[PDB]
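Shown here is one chain on its own, the form solved without this ligand, set out as C-alpha cells.
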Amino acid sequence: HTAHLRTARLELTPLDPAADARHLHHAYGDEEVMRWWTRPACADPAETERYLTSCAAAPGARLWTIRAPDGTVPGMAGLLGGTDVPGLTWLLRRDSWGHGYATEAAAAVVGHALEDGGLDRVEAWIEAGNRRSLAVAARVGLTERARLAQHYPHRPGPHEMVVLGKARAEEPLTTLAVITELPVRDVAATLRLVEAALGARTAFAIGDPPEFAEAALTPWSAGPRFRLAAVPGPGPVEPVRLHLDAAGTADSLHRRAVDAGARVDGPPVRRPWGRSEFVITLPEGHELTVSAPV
C-alpha cells in the first residue's frame, strides 16, 4: 500500500520496519505499554524491526506509523492479519497517551478500511480488562460481537478477549444464539448434575416432575444455555456431541466436573489447535467436550 491517511492533527504513513523501528521501539520495548500485548516488551529494535516486518509481512497486513506535526512519532495503527476478518490495532508510547491520538488514528484506519479500503467489515480484538482500548473501540463505532478465552505464554493465567466489529452496511438479519435441545430421561436429575459439574443453573422447567427445562451455563438472563427435553424410552437414545468453550483453566473445570460425580473422559489433554480438552458423558449417551484455553 502507498496511501497516507491524514487527520485533524495526524499523518499515517505506510510502515517501514527499518526506518520507523527506531521510534516505534519506544513503545514496543516499553514494559508498561505492552502490559496488554500478546508477547512481552521487545528487547531490541532489531526484534521490533523483526516483529514489525513479520507483522506487515502477513497477507492482508496494512499498517501505518502515526506522525504528528510536532515531529513526534506517537506510535502506529493499522490492520493486522493473516487472519480471515481484517483485525485492527494500534499502539502509542506512554507519552502520547490521552491526546486523542489513538482515537484519531483508530478513527482514520477504520474509516479508510470501510470506505476506500473497499472492505466489508473490520474487527478488533481487545482484552476484556483493557478499558482504555475498549473505550476507543467503542468511540470508533466498533461494537462488541463475541468473546473468547485465551492464554498468552507469558501470562500466569488465561484471559478473555473481546471481539468488536463494525461493518460498512449492518446486515438486517443475524443470529444471536443457538440453543440446542437435549433428550434426557430425568430432566430433573440432569439439571442437578449440570448445575454442579458445569456450575449451571435452571432457567426454567415445565411441570413436576420436570418435563422440559432450559439449562443456563451463566448466571445471566441470556447466554450459553441449552434445553432439556424428557423422553420415555425403552432407552436406545442417540448421543449428541457438544463443544463447550469455557473460560478459566481446564484442570479446575475438570476438577469441578469430577468433584460433581460427572462421567469424565479423563484428565484434560492438550491439542494441536492449542486447547486442553476433556469430555463429559451423560447416561443417555451424549458427550460434551469441555475446552479451555489452558
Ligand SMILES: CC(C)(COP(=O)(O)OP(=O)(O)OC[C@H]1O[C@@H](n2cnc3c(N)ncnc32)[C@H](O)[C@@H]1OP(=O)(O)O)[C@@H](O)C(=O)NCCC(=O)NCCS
Second form
2 protein chains.
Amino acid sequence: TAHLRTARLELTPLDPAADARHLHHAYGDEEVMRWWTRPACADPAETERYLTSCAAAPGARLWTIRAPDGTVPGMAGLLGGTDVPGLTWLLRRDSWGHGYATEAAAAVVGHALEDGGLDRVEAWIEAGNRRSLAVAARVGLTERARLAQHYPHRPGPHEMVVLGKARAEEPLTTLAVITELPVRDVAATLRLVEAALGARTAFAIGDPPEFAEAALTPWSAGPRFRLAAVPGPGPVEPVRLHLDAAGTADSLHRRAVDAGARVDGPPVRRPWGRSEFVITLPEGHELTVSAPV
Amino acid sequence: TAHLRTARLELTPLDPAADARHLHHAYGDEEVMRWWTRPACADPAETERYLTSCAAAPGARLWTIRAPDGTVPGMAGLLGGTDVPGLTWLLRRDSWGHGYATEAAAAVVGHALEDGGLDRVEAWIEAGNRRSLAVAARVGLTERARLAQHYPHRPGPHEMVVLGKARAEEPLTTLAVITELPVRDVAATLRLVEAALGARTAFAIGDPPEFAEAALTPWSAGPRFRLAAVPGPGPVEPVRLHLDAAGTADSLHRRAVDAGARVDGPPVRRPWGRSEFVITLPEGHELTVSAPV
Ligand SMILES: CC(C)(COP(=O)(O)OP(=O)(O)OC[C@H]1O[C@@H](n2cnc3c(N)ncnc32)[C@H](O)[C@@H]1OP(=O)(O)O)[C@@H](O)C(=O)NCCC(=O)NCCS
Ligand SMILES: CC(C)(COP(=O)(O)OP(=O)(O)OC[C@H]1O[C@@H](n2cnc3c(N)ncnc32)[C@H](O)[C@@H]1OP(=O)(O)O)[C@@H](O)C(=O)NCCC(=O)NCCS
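Hand over the structure of the form solved in complex with this ligand; the form solved without this ligand is what we had up.
After this comes the whole thing, all chains and molecules, with the earlier chain placed first.
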C-alpha cells in the first residue's frame, strides 16, 4: 500500500473508519449507487462496513481521492480478488464535471501498469453508464468484449462492457470466431434461429440458400455463426455451441419454445452462476443458451 | 423525401446540381476528406457526379444543411443499401465548431428512428476520428462493436468503430458464441493454439484436461472456444471455424507456421476483402484465419 499524487489530487490508501465519513457522500447517494453492484449504503456506519470488506479483498488496492481544496470527491482503485486487474471508481454527484475521476482513475491505471507491475487493467462498466464509459475512454480503456451480469438487488440482469488497457497491446489479435454449422436446410435453419434466437441473416448465398450467416445481433459486427448446406443422404454429427446471452433465462427460453424450437429446458440453474437450456437443431447441433439468470 | 427543421438549421433533400457548388467546399477539401471513404473531389463537377451517385443509392436519404446565416456548412444523412441503417455527415473546415454536425446528425437520427420507421441507425467512425466520434457520442450513439476496414486509396487497413442507437430495445441478445471442438488431446491442443493462435488457457477441468477453454484474447471476455476430449475413431465431421483477425495475414501466417501448426499454405486474397490461410487441426477441424490484408 503506497501513495499516489497527481497534477491536482493525492490518492491515499483507503481507511474504512477514517474515510467512511466522506465516502458515504457517494455510497449513500441513490443517484450515484444507481450503478453499483449493490444498493446505496444506509448509514456511514454501513458504508464503513462495506469499505472494510472491499479492502479485505485479496490484492485490492483502493485509494481515497483527496481534491485540491481540502475535500474528498470519492474513491478510486483496483478491485482485489481478481486474477486480472479490475478498476473501480465513483464520486459524489458534485465532484462530477471536474475531471477528477478521469485524473484519479488515470492515476490508478498509470500506476498499475508500471510500478504496480501489472500487464494490463480492466474496467467492467454497464452499457448505460455513459458518464463512466466516458471516464474509461479518456483513461485509454477500450472495449475488449461484453458479458451479461445480474445484481441480486436488481430486478433483472444487465450488459457489462469489458474495457481494458495493456502496458503494450498485442500487434495481432482475433476479433471474433464465426463457426460453421453443416445444416440440411439452410433456408429453414435461418427461419428457425431468426425466431428462436432472434438472429437475423447477415447474408444468404443461393436460392434456396446454400450458405448464410446468422447475426445473433442487430449490429453490423458481433456474435454470429454461418450455415453450410450439406448432402448425404446422411445427416451429420452434432456441433455444440455455447451462447452467453443477455436477459433472463426463461424470457429467452420462452422465446425458443414459441419459435417452435426443440428445447431441452426449462432453464436449469448451474453452480457456475448462470441459468441455461439447450436448443437442439434437427441436424443434432446443440446450442446451449446461458444467461446470468 | 421530406424536410428537416431544427433549432437553427434547415435540412433539405440533397440536390446534386444545386448543392454541388457549396458542398464541394468539403468534398474538395483534403483536410475534410482525410477520414472519408474516397479521396477529395477534384472539381465541383466531380463532387456533383459523386453526389448524384450517393443519392442514387438504395435508401440514401441525404439532406443539405442550411445554417441560420444563409450559409451551407455541410451535408448530413442516411446512407443507402447498408442493410443496417447507416449515418453520414461532414462539414467544410470553416463550418467546424458550431455544433452543426451534432444538431443536424441528431436531426437525421431523431427522424430516422421515428417517422422514418427505422429500428436503429449505425455510424462507422474510424478510431482516430475523435471529432466525429465526439458528434456521434453527442447524438446518443454508443459503441456496439469494432471491425477492421481498408480503403483502396489508403496504404493500409484501419480500425472502424461501429456506434449505434436503437429506437427499439432488444432486451435479449447473444453476447458471445463459444464453439466446442471435440479434440482427441485437449492438453496438447491447448499447447498448439497457445503458440499458433496466441490463445491463453482459462479452463482445465480434469487431469489430464478433458475440457478446457482457449481464450484467443488476453481479456476476460472475448473470442475463445472450448476443447472437449473425444476418443474412438472420431471425430468424423471436422469443425469449421472462421477467425476474423487484426494485423497482416502473412504476419499471422508466420506465427502459425513457426508454431508448427499445419497450414494449407501462404495467405491467399479472397474476393470479399480479406486475405486468409487455414490451419488444420490434427483431428481435422479447420481454422481459417482471415485478416483485412
Ligand atoms: C463515473 C462518475 C464518478 C462520474 O465521473 P466524473 O468525475 O463526473 O466525470 P469526470 O468529471 O471524470 O469527466 C470530466 C468532465 O469535466 C471536464 N474536465 C475538466 N477537467 C478535466 C480534466 N482534467 N480531465 C478530463 N476532463 C476534465 C470534461 O469536459 C469532462 O466532460 P464533461 O465536462 O462534459 O462532464 C459517476 O457517474 C458515478 O459515480 N458512477 C457510479 C460508479 C460506476 O458506475 N462505475 C462504473 C463501474 S466501475
Ligand atoms: C463532420 C464533423 C466531424 C464536424 O466536427 P465539428 O465541426 O467539430 O462538429 P460540430 O460542428 O457539432 O462541432 C461542435 C463544436 O462546436 C461547439 N459549439 C459552438 N457553438 C455551439 C452551439 N450554438 N451549439 C452547440 N455546439 C456549439 C461545441 O461546443 C463543439 O466544441 P468542439 O469543437 O470542441 O467539439 C467534421 O469534423 C468533418 O467533416 N469530419 C470529416 C468527415 C468525418 O469525420 N466523417 C465521419 C464518418 S461518418
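Numbering follows the first chain given and starts at 1. Take the two forms, find the largest set of C-alpha atoms that superpose within 1.5 Å, and that set is the rigid core.
For the residue set 197, 91, 140, 187, core-aligned C-alpha shifts between the two forms reach 2 angstroms or more at a single site, 91. In the core-superposed comparison between the two forms, residue 260 has its Cα shifted by less than 2 Å.
Taking the rigid core as fixed, one finds a CA shift for residue 71 of 2 Å or more between the two forms. After superposition on the rigid core, the Cα of residue 239 moves by less than 2 Å between the two forms.
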